[PDB]
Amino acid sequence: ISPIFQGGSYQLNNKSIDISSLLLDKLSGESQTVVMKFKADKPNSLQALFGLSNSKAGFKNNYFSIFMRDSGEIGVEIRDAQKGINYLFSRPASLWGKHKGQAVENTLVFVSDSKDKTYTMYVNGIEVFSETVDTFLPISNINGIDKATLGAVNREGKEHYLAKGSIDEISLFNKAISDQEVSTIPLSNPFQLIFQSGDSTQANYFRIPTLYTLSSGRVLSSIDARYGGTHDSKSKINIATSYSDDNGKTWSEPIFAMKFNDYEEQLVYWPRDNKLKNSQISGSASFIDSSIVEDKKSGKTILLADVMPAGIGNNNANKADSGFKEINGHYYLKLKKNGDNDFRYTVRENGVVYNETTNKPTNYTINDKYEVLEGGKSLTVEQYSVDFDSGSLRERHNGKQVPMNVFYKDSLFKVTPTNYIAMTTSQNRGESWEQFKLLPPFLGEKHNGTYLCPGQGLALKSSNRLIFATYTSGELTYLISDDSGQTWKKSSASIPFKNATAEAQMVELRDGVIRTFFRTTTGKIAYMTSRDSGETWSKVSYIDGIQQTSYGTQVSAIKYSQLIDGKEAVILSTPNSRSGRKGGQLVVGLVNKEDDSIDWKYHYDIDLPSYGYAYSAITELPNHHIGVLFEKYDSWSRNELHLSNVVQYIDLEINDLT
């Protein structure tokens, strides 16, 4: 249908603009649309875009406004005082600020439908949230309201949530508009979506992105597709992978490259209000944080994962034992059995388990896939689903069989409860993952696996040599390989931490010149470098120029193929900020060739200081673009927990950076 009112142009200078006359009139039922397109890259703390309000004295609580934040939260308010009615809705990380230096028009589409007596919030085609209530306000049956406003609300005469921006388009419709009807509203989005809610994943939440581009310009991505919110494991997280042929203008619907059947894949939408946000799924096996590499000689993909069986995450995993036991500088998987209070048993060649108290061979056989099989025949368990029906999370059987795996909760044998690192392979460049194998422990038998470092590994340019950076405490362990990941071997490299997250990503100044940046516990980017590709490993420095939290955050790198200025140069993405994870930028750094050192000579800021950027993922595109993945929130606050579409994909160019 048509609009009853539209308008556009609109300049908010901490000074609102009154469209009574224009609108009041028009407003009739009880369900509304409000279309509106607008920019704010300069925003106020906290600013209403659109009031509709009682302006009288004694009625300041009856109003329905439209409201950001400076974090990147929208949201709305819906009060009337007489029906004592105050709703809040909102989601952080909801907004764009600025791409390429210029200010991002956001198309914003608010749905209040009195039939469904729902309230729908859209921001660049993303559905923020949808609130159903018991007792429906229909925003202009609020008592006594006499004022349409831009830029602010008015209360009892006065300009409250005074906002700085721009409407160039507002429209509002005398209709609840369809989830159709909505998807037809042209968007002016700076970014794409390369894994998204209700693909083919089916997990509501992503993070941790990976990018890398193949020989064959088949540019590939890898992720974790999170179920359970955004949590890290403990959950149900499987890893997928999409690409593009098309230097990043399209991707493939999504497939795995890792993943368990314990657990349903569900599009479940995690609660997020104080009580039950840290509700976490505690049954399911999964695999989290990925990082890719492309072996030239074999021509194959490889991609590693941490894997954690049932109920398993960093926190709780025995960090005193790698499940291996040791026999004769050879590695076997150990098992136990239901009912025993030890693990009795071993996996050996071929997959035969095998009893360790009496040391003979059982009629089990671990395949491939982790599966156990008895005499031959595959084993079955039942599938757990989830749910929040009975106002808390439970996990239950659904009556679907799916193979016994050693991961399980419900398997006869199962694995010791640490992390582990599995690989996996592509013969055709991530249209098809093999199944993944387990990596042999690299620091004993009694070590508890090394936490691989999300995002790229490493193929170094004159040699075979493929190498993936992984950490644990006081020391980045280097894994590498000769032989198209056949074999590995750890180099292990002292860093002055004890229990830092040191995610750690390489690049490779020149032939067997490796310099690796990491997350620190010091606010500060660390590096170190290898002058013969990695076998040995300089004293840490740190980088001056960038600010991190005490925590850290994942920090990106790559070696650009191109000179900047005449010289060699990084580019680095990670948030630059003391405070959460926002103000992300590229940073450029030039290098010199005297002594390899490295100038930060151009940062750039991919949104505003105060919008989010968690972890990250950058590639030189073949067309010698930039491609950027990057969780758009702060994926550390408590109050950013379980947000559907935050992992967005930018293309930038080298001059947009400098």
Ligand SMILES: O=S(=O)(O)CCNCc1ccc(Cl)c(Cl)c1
The other form holds:
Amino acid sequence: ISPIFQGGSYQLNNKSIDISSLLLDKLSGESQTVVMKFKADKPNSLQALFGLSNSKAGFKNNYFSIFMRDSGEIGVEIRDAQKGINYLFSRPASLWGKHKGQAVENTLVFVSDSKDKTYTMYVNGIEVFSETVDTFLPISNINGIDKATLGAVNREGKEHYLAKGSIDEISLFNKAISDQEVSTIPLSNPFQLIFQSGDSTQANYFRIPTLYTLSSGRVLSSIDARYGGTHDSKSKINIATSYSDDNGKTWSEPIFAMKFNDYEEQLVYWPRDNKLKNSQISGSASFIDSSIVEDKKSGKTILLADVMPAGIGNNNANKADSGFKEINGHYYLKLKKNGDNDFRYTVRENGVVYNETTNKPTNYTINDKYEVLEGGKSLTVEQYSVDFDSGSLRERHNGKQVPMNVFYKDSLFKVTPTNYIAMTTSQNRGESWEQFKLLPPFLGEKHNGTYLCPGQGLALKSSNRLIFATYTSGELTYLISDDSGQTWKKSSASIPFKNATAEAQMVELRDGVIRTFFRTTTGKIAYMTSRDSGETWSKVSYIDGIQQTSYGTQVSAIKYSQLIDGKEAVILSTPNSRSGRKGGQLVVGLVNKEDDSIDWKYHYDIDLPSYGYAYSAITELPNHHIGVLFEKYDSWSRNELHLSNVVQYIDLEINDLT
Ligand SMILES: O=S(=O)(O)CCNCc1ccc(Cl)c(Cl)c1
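Give me the form deposited with this ligand bound now, not the form solved without this ligand.
Expanding to the full complex; the earlier chain stays at the top.
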């Protein structure tokens, strides 16, 4: 249907615009849709875009408003004092501000549906909230409404929540338009989604993006598909991948690179209220933090991720145990059987489960998918599904049987409750992945494993050498392979931090010269340099000119293929802020050939300083553009947990950055 009101090019310069005469007598019935295209690249701290209000003395709490905050949060209020109703619905990190230096046209669609008693908000083609109430309040049924306002709310004759921005288009409809109709509204998005709610992963949330450009020109991405809200393990998390064959313009339907099936892959709306938001899937095995590299020699793509057995995160990982037993320089995965107090079993060659107390082998074997077989027959466990139907999280059997895996809660044989690193490979550039294999311990029998640095591994240009950075307490532990990842050795590099989340990414400055940039606890990004392709490492220095928070954020980095201002260049991606994960930047550094020092010359503002930016992935696309896949929200903040579709991808050109 057509709009009851349509207007455009309104400039909101800290002065509201009265449209009461044009709009109020048009409103009819109890269901309404608002469609608004607006820019706000210099918003006030808290501002209303649109208001319907009773402006009379004594009715200051009788109004409907669409408001935003300078954090990028969008919301509505719907208030009527006589009815005793004060609704506020909102979601953080729903907005764009600027892209390539230009103000972004956000497309907002608000649906107020009296039939279903539901208020739904979409921004830029993303549903950010849908709220059903017992007692519905039509937005124009508020007692004594006498003003329709853009850029403020009129309360008792004064302008509240004054806005700075512009409304290029606004339309209103006396109908709650369907999800279908909403999907046909044209958008002006500066970004795209690779992974998203409702896709093949069926995860409602994603974190920890990666990007890597393959030699064929295919661009590959991996990511944590996170099911139990955005929480780090313990949770259910799979690793998913998607690729683009047209320089990032379109992306394949995701597949899994690493997956467990002890819990159903469920799209769940995780509670965001303070009482329940820390609910956590607590009995699922999980993966977390993936990293990708390509091997020139074999042509294989290699992907590593951390692996957790059921119930396990870094918080409760058996810190004193690698989970392997050493025998004659070889390492065997330990196993505990149902009923034993200790781990009296190991997995030997060909997956033979072996009893250690009596050195007898068993009739049990572990296959290649880490599944348990008895006498060659595959054992099963009943799968779990989760729900909040009771008003709190329940995890329960769902009637479905799945292969029994040693990482599962219900398994006859269980691995040690600690963190492992898994490896998988693809021989078709991400069209399918092999069953994963555990990497061996690198720091000994009684040391728990290191933590993978998410992002990229490094394929040295002038050799077959492959390197994946990992971290543990007191050091970076580089994993090095010269045989297409069939065997790995470690190279330890001390860092002056204990228990840091020292997420590190590498660039090859020139042949055999590696600079690693890493997250610290000091508020500055650190780096170290190797000049012998990763064998030995320099002391730690720090970058001036970029700020991080005390707890730090992952930093991504690449060596750009083309010279800039006649110099070799490196590009870093990180938030730039000592306050939160916001103020995303790409920082372009030029290498000084005299000494390999880096002059950080150009800073590109990804979006507003106050808008969220967290973990990130950067790659040079085959056409020399820059692809960026990043968490567009504050993934540390306890207020921005469990948001859908905030991991987003943009395309940039070098001239945009400089
Ligand atoms: O808190 S954030 O800095 O956003 C993410 C840190 N995640 C680190 C990490 C790595 C591996 C595991 Cl298993 C866990 Cl639980 C946490």
